[PDB]
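Make the full structure from the sequences, and use the hints.
There are 2 protein chains.
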Amino acid sequence: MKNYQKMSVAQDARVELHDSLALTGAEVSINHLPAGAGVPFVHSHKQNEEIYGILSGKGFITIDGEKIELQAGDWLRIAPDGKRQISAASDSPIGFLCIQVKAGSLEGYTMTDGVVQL
Amino acid sequence: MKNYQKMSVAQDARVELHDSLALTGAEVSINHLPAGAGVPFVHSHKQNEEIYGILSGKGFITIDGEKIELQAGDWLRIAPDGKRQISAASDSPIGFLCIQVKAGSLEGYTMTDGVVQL
Ligand SMILES: [Zn+2]
Ligand SMILES: [Zn+2]
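Protein chains in written order, with the authors' numbering: chain A, 1 to 118; chain B, 1 to 118.
Worth flagging that the hints you see were computed from the coordinates, not collected in a lab.
Using N, Cα and C, we set each Cβ at its ideal position, and we do this for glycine too.
Be aware that a few hints might be false.
[Stated by the list, open to error] Just a sample of chain A residues kept apart from chain B, beta carbon distances all over 12 Å, derived: (1) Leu33; (2) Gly36; (3) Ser87; (4) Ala89; (5) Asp91; (6) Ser92.
[Unchecked claim] For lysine to any residue, the following SDA-like pairs were computed, each having C-alpha atoms within a straight-line distance of at most 20 Å: (7) A:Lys58 to B:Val9; (8) A:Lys6 to B:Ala72; (9) B:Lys58 to A:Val9; (10) A:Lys46 to B:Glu107; (11) A:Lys2 to B:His43; (12) B:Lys2 to A:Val42; (13) A:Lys58 to B:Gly82; (14) A:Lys6 to B:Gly82.
Have a look at this one:
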């Protein structure tokens, strides 16, 4: 079969890409919280590093008791042990990406993994 | 020390996050091409799976001779062997994310990797 899979996601749709795109190196979740709302729980990871990318709006994320302000354009790496909990701003919703990957699994990349054709 | 790292990226800035955020499970590149422009070369990967997310605009991506139309909200998985080359539309720029991760490296995730804190 094809060396790729594609799908379209609505502007304000909440979905996970792993099963729909048959990912093998990560899980990607697209989500967003309305103003004044936030993830109702705190969590960490056993072996997965997590990368957050704020696509729109603004808000906060509490990591190990410390709350960090967030706005569109902000990107964060969170180690497995980090206890996290994101939430939207009081006067604004927030849209973000959560890339889950096995910590320390990356080897070569770009220069050391890409192959130019002819 | 801290269990996280943060940085801000300008709306139209082109950067790679691996070194700046000290990622260990992936490389994330944020890029965008002006109307009528495109990556000047074709490439594949030795062992990294690649996930593309179109954040804005529209364009095309040619994978193994087949060109696929792209627009904001589109997400794709590309296997290592896939020969790819993205470009913007003739009448519009395109902004996208390229998540590079080692293919088949993901094990548990979400339900099988997240840990809720009481
Ligand atoms: Zn690549
Ligand atoms: Zn998580």
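Discussion item. Beyond 12 Å on every Cβ pair: is that true for A:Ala89 relative to chain B?
Written reply: holds, 16 Å
Practice prompt. With a cut-off of 20 Å on the C-alpha distance, tell me whether A:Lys2 and B:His43 pass.
Written response: holds, 16 Å
Worksheet item: Going straight from one Cα to the other, do B:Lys58 and A:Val9 come out at no more than 20 Å?
Response: Given that 20 Å is the threshold and the Cα spacing comes to 14 Å, the pair holds.
Worksheet item: Going straight from one Cα to the other, do B:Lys2 and A:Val42 come out at no more than 20 Å?
Response: holds, 17 Å
Worksheet item: Against chain B, does A:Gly36 keep a CB gap of more than 12 Å to every residue?
Response: Its Cβ never comes within 12 Å of chain B, the nearest being 22 Å, so this holds.
Discussion item. Hinted pair, alpha-carbon criterion (20 Å max): A:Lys46, B:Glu107. Please report holds or violated.
Written reply: It holds: about 11 Å lies between the C-alpha atoms, which stays within 20 Å.
Worksheet entry | Hint consistency between A:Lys58 and B:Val9 [alpha-carbon to alpha-carbon, up to 20 Å] | Holds, at roughly 14 Å.
Worksheet item: Taking 12 Å as the cut and beta carbons as the points, is A:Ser87 off the interface with chain B?
Response: Holds, because the least Cβ-Cβ distance between A:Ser87 and chain B comes to about 15 Å, which exceeds 12 Å.
Worksheet item: Far enough from chain B: is every CB of that chain over 12 Å from the CB of A:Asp91?
Response: Non-interface label stands for A:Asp91: nearest chain B Cβ at 20 Å, farther than 12 Å.
Worksheet item: Keeping to a limit of 20 Å between CA atoms, is the pair of A:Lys6 and B:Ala72 held or broken?
Response: holds, 13 Å
Practice prompt. Measuring Cβ to Cβ, find out whether A:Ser92 lies farther than 12 Å from everything in chain B.
Written response: Consistent with the label, A:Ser92 stays out of reach of chain B, its closest Cβ about 17 Å off (over 12 Å).
Worksheet entry | Check on A:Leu33 being off the interface with chain B, judged by Cβ distance over 12 Å | Non-interface label on A:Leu33 holds, nearest chain B Cβ at 18 Å vs cutoff 12 Å.
Violated hint for the displayed structure: number 13, the only one.
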